[PDB]
Amino acid sequence: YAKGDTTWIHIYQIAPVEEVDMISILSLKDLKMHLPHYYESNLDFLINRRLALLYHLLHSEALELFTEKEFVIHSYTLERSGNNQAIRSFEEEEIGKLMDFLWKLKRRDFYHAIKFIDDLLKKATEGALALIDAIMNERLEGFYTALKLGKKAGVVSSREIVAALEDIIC
Amino acid sequence: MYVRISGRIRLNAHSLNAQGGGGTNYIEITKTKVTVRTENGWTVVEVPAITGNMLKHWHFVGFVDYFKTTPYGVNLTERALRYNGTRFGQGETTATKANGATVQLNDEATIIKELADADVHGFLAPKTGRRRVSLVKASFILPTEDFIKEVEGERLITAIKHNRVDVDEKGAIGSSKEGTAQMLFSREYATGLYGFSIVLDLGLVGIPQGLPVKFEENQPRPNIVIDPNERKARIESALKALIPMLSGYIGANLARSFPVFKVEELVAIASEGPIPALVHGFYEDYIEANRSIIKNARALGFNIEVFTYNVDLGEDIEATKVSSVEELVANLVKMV
Amino acid sequence: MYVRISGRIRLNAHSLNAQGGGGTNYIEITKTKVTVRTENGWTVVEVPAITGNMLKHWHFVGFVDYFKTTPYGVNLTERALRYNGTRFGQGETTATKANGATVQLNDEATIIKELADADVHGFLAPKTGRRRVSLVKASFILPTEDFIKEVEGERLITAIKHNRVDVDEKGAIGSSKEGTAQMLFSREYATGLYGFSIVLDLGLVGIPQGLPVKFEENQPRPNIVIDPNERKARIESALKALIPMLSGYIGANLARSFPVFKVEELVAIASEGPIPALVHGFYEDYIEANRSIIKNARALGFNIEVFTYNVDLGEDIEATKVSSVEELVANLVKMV
Amino acid sequence: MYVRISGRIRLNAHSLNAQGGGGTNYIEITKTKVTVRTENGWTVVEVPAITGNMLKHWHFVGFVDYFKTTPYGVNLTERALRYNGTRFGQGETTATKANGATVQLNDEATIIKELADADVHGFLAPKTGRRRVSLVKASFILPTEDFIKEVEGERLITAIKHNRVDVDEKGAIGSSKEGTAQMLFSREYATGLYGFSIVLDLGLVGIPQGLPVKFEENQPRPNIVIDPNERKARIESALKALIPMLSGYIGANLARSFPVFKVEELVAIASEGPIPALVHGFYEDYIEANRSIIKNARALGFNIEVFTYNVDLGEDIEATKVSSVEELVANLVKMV
Amino acid sequence: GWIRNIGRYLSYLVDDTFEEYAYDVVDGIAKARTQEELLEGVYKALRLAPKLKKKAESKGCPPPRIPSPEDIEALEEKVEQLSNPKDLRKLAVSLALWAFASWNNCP
Amino acid sequence: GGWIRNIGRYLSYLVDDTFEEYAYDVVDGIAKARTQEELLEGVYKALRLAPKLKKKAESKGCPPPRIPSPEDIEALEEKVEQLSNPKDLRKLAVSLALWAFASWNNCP
Amino acid sequence: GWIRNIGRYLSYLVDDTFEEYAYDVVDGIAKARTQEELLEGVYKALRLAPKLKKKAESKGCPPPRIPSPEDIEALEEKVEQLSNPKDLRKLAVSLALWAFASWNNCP
DNA sequence: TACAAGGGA
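In order, the protein sequence lines correspond to chains Y, L, M, N, F, G and H.
Residues in the first sequence are numbered from 173 upward in steps of one, following the entry's author numbering.
Residues in the second sequence are numbered from 1 upward in steps of one, following the entry's author numbering.
Residues in the third sequence are numbered from 1 upward in steps of one, following the entry's author numbering.
Residues in the fourth sequence are numbered from 1 upward in steps of one, following the entry's author numbering.
Residues in the fifth sequence are numbered from 3 upward in steps of one, following the entry's author numbering.
Residues in the sixth sequence are numbered from 2 upward in steps of one, following the entry's author numbering.
Residues in the seventh sequence are numbered from 3 upward in steps of one, following the entry's author numbering.
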């Protein structure tokens, strides 16, 4: 993401820890997308690297391979703040449960699912942050806060997505 | 002089320091999470609060208000006359005085000598990179723990909705196409007994941070860049800024809410030296904690003067039974 | 001219500042939560109250009413003559003067020069951004705490049903056939002893907030964009605006309710220089606190004047007895 | 010309403005809660009362009754001829004329110049939005406080039960099967000493609220849309409408009850410019309060004419003693 | 189970088509610690039924459906045994999130 | 004990349509009952309107209202004496107040 | 149970059939603030005893039950220990609650 | 988000 003179570059690596074969590795290969020169100004939520990877995983539909195989993600950031390049983020959490929740979140339909996530990301950045925290740490109030922030500005918040969220709550 | 003040202030029907966002309507007040005992495992509760930034801004406003009348009021920032908190924002490298003169943000000494607001409240100049830590610090306005435990959480808030009566010149309430601001909006008002704690460090006013001492005759003489009379005027103005503080001038929406105050009890300590901060009034057992603090600090070998209002304290130590916050600041200014 | 007013007033069978009933035939009166100490521990109770916004609106109405007679009354907004409280809503660039002239919103000095209502009660134009904080602060009207103590609530409200008669030329009530409106609505009326407080910072009238002072030769002096006669006239207009609020012209439903509205007691302070805000009359033990505040503030050397009505206020404080509210405003206007 | 009247009157055997039990043999007078000091702390007590909405309706009835005989009485609504106060109600576009013509719901000036009832008592047109506040404000009528204190409770509301005789053509009373309606319904009646604080402003007669003053050449020229003779007739009729108020034409059930009515005492203040409203006679110390109000308002610079009914009202106050309410209204109209 | 109907009724207080915007009730009921405050909040939420029905009738769209008394007692009979606030939290947030669904009422 | 449903059904007649009688005052007063005495007084005002409703239901072609039995009144009395805790008092108050607003089919 | 009987007698005043509706006395009993006021309230409640006593046989249904002397003397004994209106209000409302109950007076 | 502070050919 450019944002004028500076530039944020979020780099992710997907790592197995137990066992993989050819088919799994090609499924991982399908995740890679060439020329992600997103730039632009409306898509400003590519900062907050977790949000950027959530947006990237929203439009990635290679396979739900890691629901049966354990995998981890290692992420880092690169900055051009006044031509001063350095690494300022090295947190190491996982990737399985986030996309698992997304995949259990999108059974009902896509016409009200992809646009739902896109609208919450673009409009309610704070709401999107609350939602991603709720996904990461499984706290009930995060979903409610995200839904309220989305509904306040521009999100329709259809019924089936609410039912899917309730089913995720269990 | 070093002074620490901590006490409890009553409050009811106050819409102070709200988020004010979340779309277009329903101005909803700010809240914070606090930990309480509740005779079981520690539990977190969600209660209204006022950020310390608002208190700092109102203290700056009061200091300017009580400093303009002083003869040294010319040495003040132009933005301060407008109650503008944008102290040396992005881009600019110079500031405008009250009389129209200009000052260059190059050295801290000149800035603190010619500008008074940047002296007491510090400043940040990103361009030159100059820094000065504020000499006044404030805590959040949180409701006291025992009150929260006793009220068992009635949400301590109320929502009041009211409208605008914008009507056309013809006398008819037109629709959206015609153009009419007849619209409803809601405000959240809170109530309860709150605690507060504010600390001042007026012993370093007029002294640049970089070179506190000069060492001409081989003793640590403080580097007073301004005249002693100007420093005394700045100190007394900063102290007198507390008079409108605990009177109804620490909140927003004063034109429509004007929060109702009555300071129920407080304690202040002044020892013109390095002194630990007092216990915040939010905790229910802060009276005994402050009593022990003052008594054993006096026993340790520090000369602390203690002024108390509506607290028994320990009744075995020298404490001045002050009856008003402005009486307290009068006692403080009479010993400068 | 800085004035603070506080006191207690008894209201009987009043429906002032209702909730409008939403979209229901029932009409509700506004409720809010207030904190009461009690001997059993702090509690929160729902009581009827009057929002400060509508009090400020009535004060503005009284101010414009008393300013129409003034020869300088041409400098008023056309909306003010219709008691339209809205001031420079969203999407408008200019303002219509009382005589029909057009006033630009790009200069605050002109706005305060030829718009008295914007000068006194402030204004805000979200488009051009020009802004001015109001000079009048109004607090909420709440029943006094001790009244809640002995009366123990009793819900302090009654419901009265009124019919809407719709008789045609033939003399028939009709039932969903002639478009009749012979319905039945209801209203809620409350009573009790409430407290009031008002702050008048009449020191910035005719003075733009951007440049309060001029500093011709480093000598502070007020920056007035109008002749002193107009500033003075606005001063007594604001002072006399208090009369049609303490006489019975506070609240809505005046044509049908007109609250009984006796004034029980009050205390007033006035000063040229800044003074702490007076303690609101809701608290039971507010006479002693105000007495101490006044005594120790006069000890600080502030040149203030105190007026009392049905309040002893002790003997050490030199206060002048007043027999009526208009006598009080006359005493205020004697010393400009 | 604005005039306020307030005093105490005696009622006996009155059943005015009851709630209405429903359809089972019981009708009970409206009751409201009032607060009294009773030398034991403020306490709340239920007392019978009549709402001010009904008093305003009766004032409308009196005004329309006294306006028909005027030569300009054709400018009236036929709905006022049958003493109906519906005005325009909900979902109405055209208001028919008493002469048979029609008036549009817009162009407020036309409405006030064609319909005197809406000109005086206001109206409401929800379809378009045209509105006009009432020129006459009515307050509740409540038993005076000292009477409540000196009656030591002892509920004086008596339930008189009486039947509705239904004799069949055969000279017998059967049951519902034979078509006979024999019932015994009860009505409540009360006595005591009540008070009234009617206030009415007549300075806006014929003046649209959306354009009160024209400013032809920057002068206060009132915007009159009717002939001066018609305006004088309207104001005289509205003033003479008080004739049935203090003679016994207040309340319902006048055919069967006609309450025993008598005026004990009253005080009236009349002027041209705005004046403070008199305090209601419900309280004990209202005569002294009104005396102070008149005395200091006269010194403030308001030209006020004062009339009293068998009330000393202190001394050194220029007041006229009137032996009857009709004498007072004659005095009020002689100066118009 | 008896959640969809109360969800629709609560969403009736948040939809833009009902220009009243009662967010205090849903915010209060969402943040509940024990039985008393949640019961008071749901009572306040259901107290606004007459204004909703009148607004719907005046707008022309079908009136809102108040939750049936058959499942009204279900809320009580399930809620007393919830002594632990933890398992109460899931339902307290489930009702809040169902209150924010689309629930197309007036077409 | 089942009397809560009966008393709530009776209170539901004070707000529901097809009745032209909307006394939100007594319902709200019962709901906000801080102490037991005002709760009993609110129940008294609620019961005081029984004759009007029981006559008008037959007058408007509706089934007679389910006026609470004396056993229900006895249960309400006993529970108000052994309950002196405001905490349980508030929850019981909102319990019998919640039944007032519902989709009762009073008039089929 | 020493209070159900007086409540039944009060309910006899206003009920189905029994064409003598006296709501004023019942309200005076309920609204009474001092113990003496309760005394006159119950006195005017009792003074209508012959009315119903001889009117019950006019329609043939079983006659009502007049309160026994022991219960009324026990109420009189309970009178002179309520030094505060706080218990007086609860006693008055408890006495007046049974008036509007679903009593099977005489089928 | 304003400022600085950096990695290399």
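Everything labelled a hint here was simulated from the structure, so no lab data went into it.
Treat the hints with care, since some could be wrong.
Here are the computed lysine-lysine pairs in the BS3-like style, where the Cα-Cα straight-line distance is at most 30 angstroms [stated by the list, open to error]:
hint, chain 1, residue 1, chain 2, residue 2
1, N, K33, H, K88
2, Y, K175, Y, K201
3, N, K97, N, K113
4, L, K56, M, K56
5, H, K88, N, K161
6, M, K113, M, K214
7, G, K92, H, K55
8, L, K68, L, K31
Using C-beta positions, here's what the derived DEER-type ranges look like [unchecked claim]:
hint, chain 1, residue 1, chain 2, residue 2, range
9, Y, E310, L, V165, 35 to 41 angstroms
10, F, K46, Y, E310, 29 to 35 angstroms
11, L, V165, N, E152, 44 to 50 angstroms
12, H, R67, N, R82, 51 to 57 angstroms
Note that the Cβ used here is the ideal one computed from N, Cα and C, for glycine as well.
Check: Is the hinted pair M/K113 and M/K214 satisfied, with a Cα-Cα distance of at most 30 angstroms?
Finding: With a Cα-Cα distance of about 17 angstroms, the restraint between M/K113 and M/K214 holds, given a limit of 30 angstroms.
Check: Taken at face value, is the distance from the CA of H/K55 to the CA of G/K92 at most 30 angstroms?
Finding: 44 angstroms, violated
Check: Is the gap between the beta carbons of H/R67 and N/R82 within 51 to 57 angstroms?
Finding: 55 angstroms, holds
Note to self: Against the 30 angstroms threshold, does the CA-CA distance of N/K97 and N/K113 hold or violate the hint?
What the structure shows: 12 angstroms, holds
Notebook entry, point to check: Can the restraint linking L/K68 and L/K31 be considered satisfied, given a maximum Cα separation of 30 angstroms?
Noted result: 35 angstroms, violated
Item checked: Outcome of range test on Cβ distance (Y/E310, L/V165; 35 to 41 angstroms) -> Check failed, 49 angstroms falls outside 35 to 41 angstroms.
Next item on the list: Could you grab the alpha-carbon distance between N/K33 and H/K88 and see if it respects the 30 angstroms cut-off?
Entry: Holds: N/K33 and H/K88 sit about 19 angstroms apart, inside 30 angstroms.
Notebook entry, point to check: Cβ-Cβ distance between L/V165 and N/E152: within 44 to 50 angstroms?
Noted result: 47 angstroms, holds
Next item on the list: May I ask you to test the hint 29 to 35 angstroms on the CB atoms belonging to F/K46 and Y/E310?
Entry: Holds, at about 30 angstroms.
Check: Does the structure keep H/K88 and N/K161 at a Cα separation of 30 angstroms or less?
Finding: 34 angstroms, violated
Check: L/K56 and M/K56: Cα distance at most 30 angstroms?
Finding: Distance ~28 angstroms between L/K56 and M/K56 Cα, so the pair holds.
Checklist line | Agreement of Y/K175 and Y/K201 with the hint, judged by alpha carbon distance not exceeding 30 angstroms | finding: Distance of about 29 angstroms is within 30 angstroms: holds.
Comparing the model with each numbered hint stated earlier shows that hints 5, 7, 8 and 9 do not hold.
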